[PDB]
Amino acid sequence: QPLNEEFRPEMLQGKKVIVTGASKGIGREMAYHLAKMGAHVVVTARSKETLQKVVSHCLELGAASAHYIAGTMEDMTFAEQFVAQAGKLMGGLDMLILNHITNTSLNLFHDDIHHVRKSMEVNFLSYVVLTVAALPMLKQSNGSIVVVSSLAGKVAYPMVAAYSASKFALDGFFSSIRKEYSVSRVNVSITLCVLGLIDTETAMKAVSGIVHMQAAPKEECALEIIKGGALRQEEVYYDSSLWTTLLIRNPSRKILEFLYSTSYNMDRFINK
């Protein structure tokens, strides 16, 4: 259930926001847009130094306030405590942007069970832990959770098997709890972001000299994420391909969820 109007930057002014994986790439881009909009930001990642750079530019850009707390989202204790500390720094929370992933490479799957588990722990499970911890704050602000996923969390590509497992898991979990928030009247929005290849240094280094589809700009990607999030959209799509509309516009899933969503809808085609 989105917000009616069109996006205005004014919407984030004074809002209290967490961005994870925000020392590099898209997370850093998002932090910068949030700063320019005059939000309070807490950013996180493992690296002390790179987070400081981002904090400094955020303040320069006009952020109501800016802070960083460092640590690995492999540590579910850290994840849980991080949201607590970040909520103290800002006096509440309006938007939780879940963006970090564990380092991965483009490669055939062979037998790296430990990579599959780590991808699942860092890319999926840590997001559930951060959500549980943030939810009381979000409940009292009528806030928003933004979950960064990928085209590879909607369709199958080779070379990203463990990664794709974890992005699909995000769709299943968060789309399910969105249905639960709706039956339990929890006014917290959940936005799933489905991104094409984006020109972050990590990705551009991986695809160097291999044949692949155009990368889209990270800066606009980051604004489009914040906009869909602020507007409380269920999904945000950002990529460069003409083909992607085949995914975006397929209404089958929405039709099925609708058919099964009430006893009255199931009564159309199913005996009581």
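Take the two forms, find the largest set of C-alpha atoms that superpose within 1.5 Å, and that set is the rigid core. Residue numbers count along the first chain shown, from 1. What changes on going to the form deposited in another entry:
- When the rigid core is held fixed, the Cα atom of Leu247 travels 2 angstroms or more between the two forms.
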Second form
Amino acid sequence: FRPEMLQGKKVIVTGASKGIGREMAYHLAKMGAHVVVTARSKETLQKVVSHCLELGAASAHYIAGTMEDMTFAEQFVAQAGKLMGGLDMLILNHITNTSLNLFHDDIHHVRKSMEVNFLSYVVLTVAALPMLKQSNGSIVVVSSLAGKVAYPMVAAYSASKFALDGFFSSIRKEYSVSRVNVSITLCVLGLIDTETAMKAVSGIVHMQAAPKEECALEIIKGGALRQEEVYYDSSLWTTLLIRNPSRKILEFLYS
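Instead of the form deposited in one PDB entry shown above, give the structure for the form deposited in another entry, please.
The next block holds one chain only.
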């Protein structure tokens, strides 16, 4: 990895107002990328754009809205496009707000989780592809342990996250033979410093929490190296245990 890599670079970061998303903003701004950030929360985004500008961003812009809204999602990429001079890398990071609870019958939240953490990711990917094909760019899709392994209390979430792996890991095999030179990186994250995670695991989880500023960069690094996947967790056993190598082989044979 060379940060010279992101020198003149055009990067969208969704879910960019707080947490791991913001920090990418800032890393991307330090590396003097161009950045367009998004979330629902307008007044927060003003604050990160201007922080990005301070930090050395080649340029920085926000566009606020909600990714339950597919036409906003599709419209978001075209404008993001036009603000910078095209697009080099698209980092899908946002998620519908969630917390730990047993699942009872909340079917609105299963649906919302599916639409916002999954479907919006497809809608943004479809819209963003022309520009990415022109730069041989990159999709970075942020997932989690619970999108690789099953965990109780995060059923909906987990379902949207498995979906992310399924859909994109499949798109990527398609791209490969389609001479579609857009890379696709799946980030698998354990617990991270962020305010909203720390508050959500409120004594429910006794798992060491990883620095958010560092995870942020790991995500960029990975996507910039066109890596199929990024694992990022504090525990040692997890990083070892989380990899599925028989998936890799099994895929070759079936290939």
